[PDB]
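The task is simple: from the sequences and hints, build the whole structure.
Each chain, letter by letter, is given below.
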Amino acid sequence: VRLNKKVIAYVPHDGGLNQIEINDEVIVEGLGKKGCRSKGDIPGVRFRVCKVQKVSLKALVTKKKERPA
Amino acid sequence: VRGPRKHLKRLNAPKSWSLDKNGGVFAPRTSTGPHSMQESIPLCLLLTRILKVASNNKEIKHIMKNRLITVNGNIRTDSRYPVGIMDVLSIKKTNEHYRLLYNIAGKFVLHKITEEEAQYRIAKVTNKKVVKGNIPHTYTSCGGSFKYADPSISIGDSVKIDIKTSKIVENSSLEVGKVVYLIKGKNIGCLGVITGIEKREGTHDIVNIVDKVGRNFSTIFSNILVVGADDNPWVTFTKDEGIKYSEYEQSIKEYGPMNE
Amino acid sequence: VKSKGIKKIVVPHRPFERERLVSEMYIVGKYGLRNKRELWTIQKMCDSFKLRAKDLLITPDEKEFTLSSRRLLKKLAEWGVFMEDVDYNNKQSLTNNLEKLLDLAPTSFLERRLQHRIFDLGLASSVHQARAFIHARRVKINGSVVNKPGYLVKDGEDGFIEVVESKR
Amino acid sequence: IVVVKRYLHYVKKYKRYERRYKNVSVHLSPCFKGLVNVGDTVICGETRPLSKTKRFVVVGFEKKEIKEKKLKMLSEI
Amino acid sequence: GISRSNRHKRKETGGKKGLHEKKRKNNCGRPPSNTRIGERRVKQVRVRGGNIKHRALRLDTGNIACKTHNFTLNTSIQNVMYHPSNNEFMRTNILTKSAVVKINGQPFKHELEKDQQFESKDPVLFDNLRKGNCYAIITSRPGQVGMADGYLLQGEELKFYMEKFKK
RNA sequence: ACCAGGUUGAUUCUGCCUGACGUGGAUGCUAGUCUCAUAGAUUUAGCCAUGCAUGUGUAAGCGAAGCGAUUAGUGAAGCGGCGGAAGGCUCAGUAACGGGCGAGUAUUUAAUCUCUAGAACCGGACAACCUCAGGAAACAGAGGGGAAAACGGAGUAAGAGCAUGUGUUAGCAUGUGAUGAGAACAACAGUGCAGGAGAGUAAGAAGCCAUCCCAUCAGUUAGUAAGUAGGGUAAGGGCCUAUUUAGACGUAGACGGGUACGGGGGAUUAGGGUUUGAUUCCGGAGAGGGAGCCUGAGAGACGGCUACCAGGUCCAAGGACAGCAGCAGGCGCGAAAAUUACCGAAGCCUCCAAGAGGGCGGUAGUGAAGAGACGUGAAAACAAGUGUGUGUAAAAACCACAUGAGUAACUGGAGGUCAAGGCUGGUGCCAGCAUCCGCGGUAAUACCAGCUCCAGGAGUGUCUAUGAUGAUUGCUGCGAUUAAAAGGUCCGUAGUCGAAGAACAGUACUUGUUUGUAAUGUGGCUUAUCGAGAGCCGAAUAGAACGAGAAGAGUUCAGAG
RNA sequence: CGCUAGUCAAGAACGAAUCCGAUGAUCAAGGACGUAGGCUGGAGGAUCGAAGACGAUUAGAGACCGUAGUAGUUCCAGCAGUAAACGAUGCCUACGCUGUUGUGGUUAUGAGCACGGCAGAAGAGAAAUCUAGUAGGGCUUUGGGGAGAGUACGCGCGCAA
RNA sequence: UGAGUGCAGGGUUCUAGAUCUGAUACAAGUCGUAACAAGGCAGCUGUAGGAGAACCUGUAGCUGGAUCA
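In the order they appear, the protein sequences are chains SX0, SE0, SJ0, SL0 and SI0.
PDB author numbering numbers the first residue of the first sequence as 72 and each following residue consecutively.
PDB author numbering numbers the first residue of the second sequence as 2 and each following residue consecutively.
PDB author numbering numbers the first residue of the third sequence as 2 and each following residue consecutively.
PDB author numbering numbers the first residue of the fourth sequence as 79 and each following residue consecutively.
PDB author numbering numbers the first residue of the fifth sequence as 2 and each following residue consecutively.
Read the hints as simulated data drawn from the structure, not as lab findings.
One or more hints might be untrue.
Label pairs and their computed distance ranges (CB to CB) [claimed, not checked]:
| id | chain 1 | residue 1 | chain 2 | residue 2 | range |
| --- | --- | --- | --- | --- | --- |
| 1 | SE0 | 23 | SJ0 | 52 | 29 to 35 Å |
| 2 | SL0 | 109 | SE0 | 157 | 35 to 41 Å |
| 3 | SJ0 | 48 | SE0 | 209 | 44 to 50 Å |
| 4 | SJ0 | 29 | SL0 | 94 | 51 to 57 Å |
| 5 | SJ0 | 109 | SL0 | 94 | 48 to 54 Å |
| 6 | SL0 | 107 | SI0 | 25 | 34 to 40 Å |
| 7 | SE0 | 138 | SI0 | 75 | 34 to 40 Å |
Idealized CB from N, CA, C, for every residue including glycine.
Here it is in structure tokens:
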């Protein structure tokens, strides 16, 4: 939203991809290196998903909370 | 700023007033008048702190609306009027009299006196001028002015004033062996006797002093008032007679000297 | 945020160092303290006095040495911590005693705490039930209750401490 | 005329000094006209502003020194 | 309007400086007063601190002092002969300090004639006074003080200024 | 004042990546009690519905209508007086009188202090009142009385400037003179107002010194540098203008461009350092963007006026009004920030006041930004509740006594670094995990779960800047034969660096005395149950004034070479 | 920089009771020289030989080998400005163990001074080894994990390269 | 004294563009085999020609060479 660039982000958890629909809003976060750098075995991806539709992805995946609907 | 300043923040006010930092953001801005703002205190701080006789603004009003308080022989009705050093304060009901002096620490303090001491004050001579109609005049530190005094009085001398007549009574000059009182510096409130003066040109003269209990200290003439005709003082000084002690000396005097 | 109040603990540089873990574990266990923060707080207090002694011994001038030595030694005597026959007005003994401070230990501060004093004076069966009498108002000093286990007892208060029976 | 004044500035990190200078433009009066020239040292007093840049006036001078035009012995000795 | 601040002025090194304030009244200026010769017209200007200043737009007369004989007289002013700053102020007859002016000489003629040594002491003044020439110099500031005042030219001052008049 | 894991079949080195620890913001999950601080700064100095933030009267300036009276009185519409130029908010612009230290002029200053200090007559209006009466409103007309300590004139004291004597320099003398005023009232026993001279407060202008990055920016400037004379201003000055002289500033970085509110201070720290400062104190600038201005002692003012540009609001269509970088509040923008709350009390400011005003300030509500002290049992016997009193402006909380009782843990981990399981069941290079090294192809202590352990604990994980790690920026203190690294060789300016001997001088250098620091910080002591907290004391940096010492540095000499 | 004579300037070292007296070290900017190959004009052209052309060998050889052949290779007047231009070791100035062998002067014939080679030692260094030992002496150049990259844009020199 | 606004230019920062040309990653595709052993013509630095492509050839240099002789 803030730059009008399009970027690639990684989705962390076991079944995580199933918690996201097209046209959802997501908040995105850094991987923790000094400069923006690739981490582990993922080539060329520099951010990861944190929250979907205002709620924690960790809670969504582990079925502790539900989608706002 | 578009015009003159009206307020005064509490952290900016003189360290000589000795007001507690935490209680509120403001302090009373002294009215214009006799002494400088840095060398005087407003009357309402005296009545609420230095000599407790009021505890609230309603009471401070009432005391002065009833016309009770007299300073230098005139009744005062401005709560923010400045009082300065060697400045007789009195209540005619109950016949009380006080002078304003410094503690050894340099804070202000009121000292109770008899109705004899209440009749005079001391000031320092600042300028001499002749005025329209060929009238000689002389002026002093606290904005005083005097017509047809003795012509021999010289700039820098100190003069004693009769409060009832508003005339000069006696004159004393800056010489070896006279008593001195300390108005500003590292040694505020000390009292001592002149050892020696070193004259300088276009710059302040340096004065060397011996204390009554042996200590030498020197300062510039601009901080000294001369307070006796020769040997011994005019005004009566505080319960402790102007001796200052280091923390080191206070320890030696408390626990005894370090033995071999 | 920057705001009023000091911070009283220092976090250890290595979180899992085995000799530090074992020796800390022992001392919390023996003295019946709540968590590691109680201990670390006492440690900082102890370090501060050790720094003052170091500074005094290395100072060049005499006025500061003679002045501030006395103050340090008198304070630590009043707390009941540094117990020896310091003589004043004698330079050598002041130096000797300053050197004895330099290996003071946190154990000595712990044993001045009210929780330990109560148990040590045989008014309670354990360091645990001592704490449980300081809570619930059973402990009283100079005719007034003290609610806080960390109260450090000065030298000679020991005559005035007391316990009362429970409210039930 | 232009007067140069010189001094040293201490740089705390490296524990060393650097040389500095400043230029001051001063009023010279006709009474000194022939006597003061380039390289000489001069004493100046402060005044109210005389122009955009000028605030000091030359009040006297110390002439750049000669100890002696050294002696030559007579050929006779 | 007009300003006396150095806001807009270059630095001594030739560089420009940026502006950090809007203009302030405490450095306001005012347009020139161009005092002309004519029947008296003077305006009163309310100045800083509530003081008053007097500004002469037209003046007819001046007080003129004689320095050697120690008297002062009041006389009409005809025209400007010379002005040191600008040749223009002469041709349009504008009054300022240091302007040299022609005046009615008859009052001075009547006084100076009383001294038996007068002709011997200053022959060139004597000649001028015969020929109906009488010259003085203005010392006051008309745009500030609201009037013109001066002294009669005598001795070497005549010898100096007369060389400025001649074609 | 400290290290660990990772290039090889092993070894010893260079070197960088990662972990371990403070602090500023953002965020996941969880949350018992009490106390002290702090909150739309970062992005948009973006836009704003509503309500409030500035008014003041006595015995003692003038007093209309109404009410009422044996020629009394009342009680006040307006006028006059004093304030609205302070405080509050923000950091756009500015590399500079923006900042630190000294000094007091070439200047102006309502109030207030000390000394001194006042013989004055006459005339109209303006507002309100009274009679008509306009306009959609906002806002105005005619006509006629009438006051002042309001206003204009008369005389009269006084009196700027100019010139000469005399005392720098007041003052006095003499000649000449533009200008040209002035308040009383009440007795509860006082309150005002004209002139001077000196103080006191506040500005204006000045002296010295310190101030960020780019050379892929090397020449810049012509009111620019100066002089003579004049105008202008409260005042010096190219501040502005006329004629003459060519200056001024640069490789010790000029000029241009980019960026920035500046200090007191904050964070980290053995020492030497590195980073930040919108933000309680001081000083500066602004009020949608630019520009002009009246009134005043003081504004180039915006809770004053005027015009353009960008935006809005109401209308009866003719016109009118308006500016939350005050306090609440709303919309946007973002990863990012509280109540359209109470206030005759505390601290202060304003008036004509034994009284009136203040969203300045104080009081609570809201939120795991930060910081203290304590609960979650004991071996006989345990928070949080409740009621009275207190507390306050009124409150709530806090504390006292008296009643019930028996409630109260989670976050991250368990192959190595690095504390703690080859446990049981699923999955089979899948799905996932993992800062780094690495796990999983059916016998996984590393995935997904169960069960036991570990660490900190009302708290614990993650992301992002920064300080440390780091002698990987090196003054202290690294390297250049082969790891990255000595110009192909000379000459040479700016720059940095330079004998012995005998003498000399004091500006650096070092040091004494005196100044120079509110808060914060530093060394202490005293009172809130304790501990942060509060209150009092002592010393202090850089910078400046005056003395002192002369080794090193500096200058000179030649029966020295 | 290597044949022999003659001629013209300046320099290094050595010997010694010559003269002057701080005139000096290092160096941004600026200036002069710089193998070879290359370029602009003239002279010349034996040998060798980029390019180009053949013969063989090979799956294919465009190459290596052989035959032949041009620009260049030489000289004069200039431009250019790079090399593994290396002992991969900056320039002045110090303090430092032994033995042996050179070159040029001088000699109490014992030795010295300038410029070298070699072999140990002691220290040093990650080692190999030592222009590398000892050390807050002075001054300039210069590096900061691999790559992209000594590349892009701007600028200065050059006829072009 | 000047707001606003005409018309030319500059100085900065971003962004579009047919087409061309670099770099980097390409599990393992095609053609050869240039380097590391005397790597099958010892290798490398400068300069000049040539060539599908690594590269080949002339000229001067270096050993970090396969020789301290």
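Hint check results:
{"no.": "1", "hint": "23 (chain SE0) <-> 52 (chain SJ0): 29 to 35 Å", "verdict": "holds (30 Å)"}
{"no.": "2", "hint": "109 (chain SL0) <-> 157 (chain SE0): 35 to 41 Å", "verdict": "holds (37 Å)"}
{"no.": "3", "hint": "48 (chain SJ0) <-> 209 (chain SE0): 44 to 50 Å", "verdict": "holds (48 Å)"}
{"no.": "4", "hint": "29 (chain SJ0) <-> 94 (chain SL0): 51 to 57 Å", "verdict": "holds (54 Å)"}
{"no.": "5", "hint": "109 (chain SJ0) <-> 94 (chain SL0): 48 to 54 Å", "verdict": "holds (50 Å)"}
{"no.": "6", "hint": "107 (chain SL0) <-> 25 (chain SI0): 34 to 40 Å", "verdict": "holds (37 Å)"}
{"no.": "7", "hint": "138 (chain SE0) <-> 75 (chain SI0): 34 to 40 Å", "verdict": "holds (38 Å)"}
In this structure, every one of the numbered hints holds.
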